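Asker: Starting from the structure of chain I, add chains H, Q, N, D, M, C, L, G and E with the ligands where the hints point.
Residues per chain are reported as follows:
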Amino acid sequence: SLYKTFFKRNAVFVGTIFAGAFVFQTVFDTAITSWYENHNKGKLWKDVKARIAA
Amino acid sequence: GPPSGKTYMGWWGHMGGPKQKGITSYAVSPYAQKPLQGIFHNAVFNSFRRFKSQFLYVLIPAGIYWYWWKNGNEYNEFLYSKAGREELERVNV
Amino acid sequence: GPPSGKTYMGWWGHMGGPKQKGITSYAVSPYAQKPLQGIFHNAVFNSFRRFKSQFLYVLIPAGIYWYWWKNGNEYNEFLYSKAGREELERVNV
Amino acid sequence: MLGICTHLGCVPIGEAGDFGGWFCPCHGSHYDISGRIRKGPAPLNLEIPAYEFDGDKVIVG
Amino acid sequence: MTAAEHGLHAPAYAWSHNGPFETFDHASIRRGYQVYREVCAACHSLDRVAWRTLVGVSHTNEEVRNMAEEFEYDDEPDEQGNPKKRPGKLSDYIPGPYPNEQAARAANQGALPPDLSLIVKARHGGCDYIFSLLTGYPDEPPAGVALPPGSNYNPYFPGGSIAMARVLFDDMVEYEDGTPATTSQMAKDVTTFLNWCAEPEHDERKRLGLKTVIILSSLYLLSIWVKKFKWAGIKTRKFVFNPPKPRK
Amino acid sequence: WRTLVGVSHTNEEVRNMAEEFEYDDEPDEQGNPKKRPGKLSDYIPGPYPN
Amino acid sequence: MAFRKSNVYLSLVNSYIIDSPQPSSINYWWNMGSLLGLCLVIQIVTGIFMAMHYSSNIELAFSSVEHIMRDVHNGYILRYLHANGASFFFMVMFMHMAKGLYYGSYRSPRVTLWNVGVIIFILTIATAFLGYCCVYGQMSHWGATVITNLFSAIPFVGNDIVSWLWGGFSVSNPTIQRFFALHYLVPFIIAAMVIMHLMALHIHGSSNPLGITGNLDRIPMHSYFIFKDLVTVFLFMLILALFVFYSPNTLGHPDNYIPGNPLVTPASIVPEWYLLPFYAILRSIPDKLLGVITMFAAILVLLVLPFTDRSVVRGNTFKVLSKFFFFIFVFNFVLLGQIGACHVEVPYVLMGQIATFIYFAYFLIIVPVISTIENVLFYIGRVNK
Amino acid sequence: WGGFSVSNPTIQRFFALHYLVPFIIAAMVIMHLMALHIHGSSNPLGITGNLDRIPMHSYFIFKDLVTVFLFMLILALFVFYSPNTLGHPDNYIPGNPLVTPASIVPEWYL
Amino acid sequence: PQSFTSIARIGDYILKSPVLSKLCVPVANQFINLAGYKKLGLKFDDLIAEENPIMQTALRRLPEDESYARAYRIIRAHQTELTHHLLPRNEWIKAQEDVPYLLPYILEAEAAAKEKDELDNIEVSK
Amino acid sequence: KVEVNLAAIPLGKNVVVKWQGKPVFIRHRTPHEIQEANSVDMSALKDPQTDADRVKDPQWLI
Ligand SMILES: CCCCCCCCCCCCCCCCCC(=O)OC[C@H](COP(=O)(O)OCCN)OC(=O)CCCCCCCCCCCCC
Ligand code: HEM
Ligand code: HEM
Ligand code: HEM
Ligand code: HEM
Ligand SMILES: COc1c(O)c(C)c(C/C=C(/C)CC/C=C(\C)CC/C=C(/C)CC/C=C(/C)CC/C=C(\C)CCC=C(C)C)c(O)c1OC
Ligand SMILES: CCCCCCCCCCCCCCC(=O)OCCCOP(=O)(O)OC[C@@H](O)COP(=O)(O)OCCCOC(C)=O
Ligand SMILES: CCCCCCCCCCCCCCC(=O)O[C@H](COC(=O)CCCCCCCCCCCC)COP(=O)(O)O
Ligand SMILES: CCCCCCCCCCCCCCCCCC(=O)O[C@H](COC(=O)CCCCCC)COP(=O)(O)OCCN
Ligand SMILES: COC(=O)N(OC)c1ccccc1COc1ccn(-c2ccc(Cl)cc2)n1
Ligand SMILES: COC(=O)N(OC)c1ccccc1COc1ccn(-c2ccc(Cl)cc2)n1
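Protein chains in written order, with the deposited numbering: chain I, 5 to 58; chain H, 2 to 94; chain Q, 2 to 94; chain N, 155 to 215; chain D, 62 to 309; chain M, 112 to 161; chain C, 1 to 385; chain L, 166 to 275; chain G, 2 to 127; chain E, 93 to 154.
Check before you lean on any hint, since a few could be wrong.
Mimicking PhoX-like on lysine-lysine, the simulated pairs with C-alpha atoms at most 25 Å apart in a straight line are [unchecked claim]:
hint: 1; chain 1: D; residue 1: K296; chain 2: C; residue 2: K228
hint: 2; chain 1: C; residue 1: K99; chain 2: C; residue 2: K323
hint: 3; chain 1: D; residue 1: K296; chain 2: G; residue 2: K39
hint: 4; chain 1: I; residue 1: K53; chain 2: D; residue 2: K296
According to the in silico footprint, chain C covers these stretches of chain H (three or more CB under 8 Å from chain C) [as the list claims (entries may be wrong)]:
hint: 5; stretch: 17-28
hint: 6; stretch: 44-51
hint: 7; stretch: 71-85
Residues from chain D that keep clear of chain I, each with C-beta distances beyond 12 Å, as calculated [as the list claims (entries may be wrong)]:
hint: 8; residue: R113
hint: 9; residue: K145
hint: 10; residue: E201
hint: 11; residue: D231
hint: 12; residue: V287
None of these hints come from the bench; they were simulated from the model.
Here a beta-carbon is modelled for each residue, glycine too, at the ideal position from N, C-alpha and C.
Bound-form chain I, shown alone:
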C-alpha cells in the first residue's frame, strides 16, 4: 500500500524531506521572481534601457 513506501520508513521520510527542500527552493524562487518582475513591468531598468534607444 502507500504507508510502507512513503511514511513507514524513517530514511526516505527524512530523506525526501530534504530532497524536496532542495527542489522546492529553486522552483519557488523562479516563480516568485517572475511574478514580481511582471507586476512591475515598465518601471524596471531593463525596460527603460531598451526604451532609451537613441
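Answerer: Relative to chain I, chains H, Q, N, D, M, C, L, G and E with the ligands alone:
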C-alpha cells in the same frame, strides 16, 4: 548528592496529591475520530459566550481613560490658538 | 525530579564501600598540640628519601634528550662556519 | 559665559537680541549683554567659568 | 506649541513606489539625477553615494565612467613627496562644492545646507515633506509676519522662515527624453532620486519579504492543524465517580 | 611635550621649546588654513612630511 | 532505564523539556516564556555578526552603521531584525509580567522566582539604553546627556560619579567606547539569571488559571506543549518579518539618522516607546534628586506585592473587584507613555502627576483594601446568621 | 579574511570573536564539574577512596590558599620586574605587509 | 495573608448586627453569583490555597469520604476549563450545598499554633 | 582590480603596487630582452619553463 528541601510537587508515581478512589476515565484514539469537527459552533457559540462575560471589566476602564485623554488634547489645542492666548497667559503663570 | 543512573560514589551515610567491623580510630585536638614541630626531620629526612627514590626515572630520560640537542647544535654551527662550507653544500643538496 | 541652558542645553545666537546682545529662537530666551535671562521662561542665568589671570594668561578651566 | 512653530502637515501624494509589491520608477531616478547636477549640487553634498552604485540603476557603465572623470581627486604623493591629482574612478564618492563648514556658511549668509544622502529618512513626513517644501513657497508671506532680512517664508518649515530661497521654475532643464520640465515634474523626480539615495535596497527587500511571509504563513496554519490532532484525546476524555465505602 | 615637565626640564623651559615650532591651526572664518605655535599638549614634530 | 534518564547531560534535558509534569489546564498566556528565550538568541546572534563590522570611535560610529546597511551583504536584514527585535522582546515581557500579576504567580511558594525576574528586567533596560547610544545620532547624544546628568545631584558625591561615568567632562569619545564594551557583556549576565530563574520553577512547577493544585491531573511536556508552542513561534516570526521587510522604521525616530552634534539641540528629546512611562514618572517630580529615586522606585515596588495581597485565594479568575482595578492599572500605564511623548505644557503636567500617584497607590493602598473586603464577602454570603 | 589578504575586515572580526570564546569556555567548565560530581576525584594510589573521606571545608580550602598566594607572588614578579621576557621584540614594530621578518616564531606555548 | 480567625471575627460582628447585615449581605450574595465557581462544580473551600502548614494539617484531619469527593470535583473542573465550556446547569453547585466543610479543621489548627507560640516567648513574673 | 594602464611607469622604474593588498612587482620592457630571460638551459634550474609560459605578451611584465 544530598537531598534538598522538599516541595509541593513530586514526580510520576509520587506527585503528592490526595489518594483517589472511585473515579473512572474513558477516552478514544484521535486516529479513530474526525479532526476539525465543530469549529463553528465554536467561534460563534463559545467565543461570543466568553466575550459577553468578560467585556464590561475591560471596556468601562478603557472608556474612562480615553475620555480623559480627549478633554486634555482638546483643551491644549485651544490654549495655543489665537482665541485662547489670554487663557494661556493665565494658566501658564 | 527523577533519579538518574547511579554511580560508584554516594554521600555521607551511604558512601558505597564495604561494611567495616573491628577498626578503632583515635585522635587529639590541634589546639592541644604544638604546630611547626618537626619540619626539619622533614626536609632533610623525608624529602631526601623521596628524592632518592624517584630521581633515576626523571634524569636518565633528561640526559638522553639533552645530549641529542647538543650534538645537533654543535654540528649546525660547524656547517655555517667557513671550515664547514664544503660539507654544507654536500648535505643541503 | 557658558551656554549650557540647565533645562535646555540651548545655544543663544550672537548678533541679535533687543539690546545689541542676545537672542535664541529657543523659547524666546532673551539674555542681556552680561548674560542674564530677561524674557524667556528659563529659571537662572548660567555659569561663568572659573578662569583666572596671570599675564599672557587667562586660565579658562 | 502653536501650529506655525510646528509646521504645516504634509499631504499624502500617490507615489508609485508605495505598496508592498511596488518598485522604484527608474526613469524618474535618471531624470532626478539631472535636476541634482544642474540645480542642487551648487550648494549641497552627496557624500555617502559612490559612483559605482549608479550602474544598472539609472545609467550605463560607460556613462558613469565619463561623469566621474570630470572631477579631480587627490592622488598619493609623488617620488619626492609632493602632492598630485588624478581624475575620478568608479570607486570614488560624489564630491561636494565646499572644502569645509566655514566656507559653506560664508557662501550662504551664515547658514549651513545639509547633506542630502539621508534626508528622506531623517525628516517626519518623508517624500511628501520634501516635495511639499520645494513647491510651497508662496508669492507673498502672510500679512503680519516679520521676516529677517535674508530669510524666506514657506509654511512647511518649522517656524515659518527658512534660509533657502525658491530655486525651481519652469523649463530651466531640458530633459533628454522629452518630458515637459515643469516645476512639479522636476520636484517629483528629485525626491524619487533622493529616496533611492537613502534606501538602495528597497527593491530587493520587498521581494525577499514576499518569499518569507508566504513560507511562514503556511507553517503557522500547518502548526494549528497538527496541534489539534495531537490534543484530541485530552479534549474528549470523560470521567465518572462512584462513591466508595468509607470502611478504610 | 608635557611629559618632559618634572623629568628633565622645568615647565617654563618646555613652554619655550614648543613655541619654536609651528602647528596647523583650524581654518579661519573664510575656510583658509592658519598656523600657530606649539603648546604643551602637542607632540614632538618630525623633519619630513611623508 | 532509558539513556535520556541515565546520562548526566540528557537527564537535565529530559527533566526540563520531555517528561516535565505540567497542569492540564494552562492556556496560551503560558507560552510567553518560550518566546523570550528565542528573542535572546535572535539578539545575541544578530549582534555578534554586526560587531564584526562596527567601529566604536565617536568619529567613526555613525558611518559604520551606514556601512553595514550599504556595503555588507544582507546587512540591512541584520540591523532591522535586531532593532525591531528589541521592540518585540519588550512587548512579550510586559505581557509575561502582566499575566503573573493576574494569576497570582508572585505568591508563596514562588516568591523567589518573582524576584530573580525583577532583576532580569532592570538589566534589560540597561542593555537597550547602552545600545541606542552606540548608533551616535542626535537622539543618542542628548538622551545620554539627560540621564547621566541626573547622578550629579547625589549629596557631596555626585559630580565624581558623572565624571567617572563619562571619562571626562561631557559625553565624548571615552563614553561611547565604554558603553559598547558593557553592552556586549550584560546579555551574558541575563542568560545566567535565566538559568537561575528556571531552577526556581522546577521546585514547585507552574501554576494554572484556576489557582488550585495541579497534582491530581498532569500531562507531560513532549508532544502536547511542544507542539502548542510551535503555534506561537511561527506567529511571532511572521509579524516580525512583516516589520523588518515592509515597515522597518516605524518604531523609531527620524532624528537618529542625523549624526550626533553637541552644538545643536533637538526640538524634542524623546525615548523609545518602551521607556516612555518611566520617563513620565521622572519628569513629574520637580526636584532632581527625588525624581531619580522615584523612577527607580517604580521598578522595585514590584517586590512589595507578595506582602500586600491579603487574600486566601490565588489569582483574579473568581474576583470581581480585583478584575476592574487590574485593568485600570494597565490603561494608566499606557497614558504614562503617551504623556512621556508630549511637550511639557498645560494640562499634560498635572495629568502625569495624578497618573504617577495611581501607579504607586495600586501596589500599596488598593490591593490590601480590596483583598480584605473580598475575603469577608465570601464569608457572609455562605455563613449567614 | 573578508577579502584577498589579511586586512582591516580580518582584524575587526578577530576581536569580536576573541571576546566571545571565553564565555563558551566558562560554559564548558560547568559541564566539566558536573561530570566530576558523579564519581568524585581519584587519588594517588589508584584504589577506592570510599573508606576514608574528609570534607572540603577547612582542610582543602586552606590547603588551596597556599598555592593561590605562591601563584600571585611569581606572577607579580614578572609583571613588575621582568614584563617583556616572555615575548618577542618584533611585535613592538607595527605591522607591515611589505617587509617580512627574518624569523617568524610563535609564542612559547604553541 | 489574613487569618481565618480574623475573617471570622469581622464577619460575625457584621452578622450579629441587624443594620449592617441588611446592608452588606445582598452585596455579598451577588459577589458570589458573579464569581462563577459553582458553574464549574466547586465549593468555596476547594479554592483555598493549600501550600502552607496550617492548611496541610486541616486536610489530613478530613474524613475519607469527604476527601474522595473533593478530588473528583477538582479533576472535573480542570477538564471543564481546558475545553472552554461550562457544565450542565443540572450539575451546578446549589447554595444549600456550598457549606464550609473545612473551616472547623482550620480554626482548630490555627488556635493551637497561637497557643504554642505564645508559650515559647513568655514573660515570667517572680 | 587595481589595473594600471600602459604608458605609466618608464625605463628605469620597477614600481611595487598594492594590487589586492598584494606586494606586486611591475616592470617595463624593451623588445631585445626576453632572450635576456632564457639566456640559460634548464638542468641548471628546477622546473623547465619558457618565456611563452612566463607572461603572455612579455614586453610588459607583472
Ligand atoms: C516595572 C514595570 C512593570 C509594569 C508592567 C505593567 C504591565 C502592562 C503591560 C500590558 C500588557 C497587556 C495586558 C496583558 C493582560 C494579561 C491578562 C491575562 O493574563 O489574561 C486574562 C484573561 C483570561 O481570562 P480568565 O482566565 O479569567 O478566563 C475567563 C473565565 N474562564 O484574558 C483577558 O481578558 C485578556 C484580554 C486582553 C486585554 C487587552 C488589553 C491590552 C492593553 C493594550 C496594551 C498595549 C497598547 C499599546
Ligand atoms: C531642487 C533643488 C534643491 C533641493 C531639493 C534642496 C534640498 C534641500 C532640503 C531638503 C533642505 C531641507 C532642510 C530642512 O528643511 O530641514 C534644504 C535646505 C537648504 N537649502 Fe537646499 N536644495 C536645493 C537647492 C538649493 C540651492 C541651489 C541652494 C543655495 C543656493 C540651497 C540652499 C539651502 C539652504 C541654505 C538650506 C538650509 C535651510 C535652513 O537651515 O534654514 N538649496 N535644501
Ligand atoms: C538582550 C540583548 C540585546 C538587546 C536588547 C540589544 C539592544 C540594542 C538596541 C536597542 C540597539 C539600537 C538599535 C538601533 O540601531 O536603533 C542596539 C544596537 C547595537 N547592538 Fe545590541 N542588543 C542586544 C545584544 C547585543 C549583543 C550581544 C551585541 C554584540 C555582540 C550587540 C551589538 C549591537 C551593535 C553593534 C549595535 C550597533 C547599532 C546597530 O547595529 O543597530 N547587541 N542593540
Ligand atoms: C529573559 C526573560 C525571561 C525568560 C526567558 C523567562 C522564562 C520563563 C519560562 C520559560 C517560564 C515557564 C512558565 C511560563 O512560561 O509562564 C517562566 C515563568 C515565570 N516567569 Fe519568567 N522569564 C523571563 C522573565 C521574567 C520576568 C521579567 C518576570 C517577572 C518580573 C518573570 C516571572 C515569572 C513567573 C512568576 C513565572 C511563573 C508563572 C506561573 O507559573 O504561573 N519572568 N519564565
Ligand atoms: C581550563 C579550565 C579547567 C578547569 C577550570 C578545570 C577544573 C578542574 C577541577 C577543579 C578539577 C578537580 C581538582 C583537580 O583534579 O585538580 C579538575 C579535575 C580534572 N580535570 Fe580539569 N579543569 C580544566 C581543564 C582540564 C583539561 C584541559 C583537562 C584534560 C585534557 C582536564 C581534565 C581533568 C581530569 C581528568 C580531572 C580529574 C582528575 C582526578 O580526579 O584524578 N581538565 N578539573
Ligand atoms: C514550564 O517549563 C519550561 C517551558 O515551558 C519552556 C518553554 C522551557 C524552554 C524555555 C527557555 C526560556 C529555555 C531556553 C534557554 C535560554 C533562553 C538561555 C539562552 C542562553 C544563551 C547563552 C543563548 C546564546 C545563544 C547562542 C547561539 C550563543 C553562540 C553564538 C553564536 C553561535 C553566533 C556567533 C558565531 C559565529 C561563528 C559568528 C523550559 O526550559 C521549561 O522548563 C522546564
Ligand atoms: C566557604 C569558602 C568559600 C571559598 C571559595 C569561594 C568560591 C565561591 C564560588 C564557588 C563556585 C560555585 C559553586 C559551583 C556551582 O554551583 O556550580 C558548579 C557545579 C555545576 O553547576 P550546576 O549548578 O550543577 O549546573 C546548573 C544545573 O544544575 C541546572 O540546570 P538548568 O540550567 O536549570 O537547566 C536548564 C536547561 C534546560 O535545557 C535547555 C536549555 O533546553
Ligand atoms: C522547548 C520549549 C518548547 C518551545 C517549542 C519548541 C520548538 C522546537 C522543537 C520543534 C519540535 C520538534 C519535535 C518533533 C519530534 O521530535 O517528534 C517526531 C516528529 O518528527 C518528524 O518526523 C516530523 C518532523 C518534525 C516537524 C518539525 C517542526 C518544526 C521544527 C522547528 C521549527 C523552528 C523553530 C516524531 O517522534 P515522537 O512522536 O516520538 O516525538
Ligand atoms: C546549565 C548550563 C550547563 C549545563 C548544560 C546541560 C544541557 C546541555 C545539553 C547537552 C547536549 C547533549 C551533550 C552530549 C550528550 C551525550 C554525552 C555522552 O554520550 O556521554 C559520554 C561521551 O562522552 C563525551 O564525549 C561527552 C561529549 C560532550 C559533548 C559536549 C556538548 C558517553 O555516555 P555516558 O556513558 O557517559 O552516559 C552515561 C549514561 N549511561
Ligand atoms: C533606548 O535608548 C533610549 O531610549 N535612550 O537612551 C539613549 C533615550 C533617548 C532619548 C531620551 C531618553 C532616553 C533614555 O530614557 C530613559 C528612561 C529611563 N532610562 C533608564 C536608563 C538606564 C537605567 Cl539603569 C534605568 C532607566 N532611560
Ligand atoms: C599566540 O599567537 C601566536 O603565537 N600566533 O598567532 C598570531 C603566531 C605568531 C607567529 C607565528 C605563528 C603563530 C601561530 O602559531 C600557531 C600554531 C598553531 N596555531 C593554531 C592556531 C589556531 C588553532 Cl584553532 C590551532 C592551532 N597557531
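Asker: Does each hint hold? Answer for all of them.
Answerer: Hints, verified against the model:
no.	hint	in the structure
1	D:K296 - C:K228	holds, 14 Å
2	C:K99 - C:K323	holds, 12 Å
3	D:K296 - G:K39	holds, 21 Å
4	I:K53 - D:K296	violated, 63 Å
5	17-28	holds (count 4)
6	44-51	violated (count 0)
7	71-85	holds (count 4)
8	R113	holds, 15 Å
9	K145	holds, 37 Å
10	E201	holds, 40 Å
11	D231	holds, 24 Å
12	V287	holds, 15 Å
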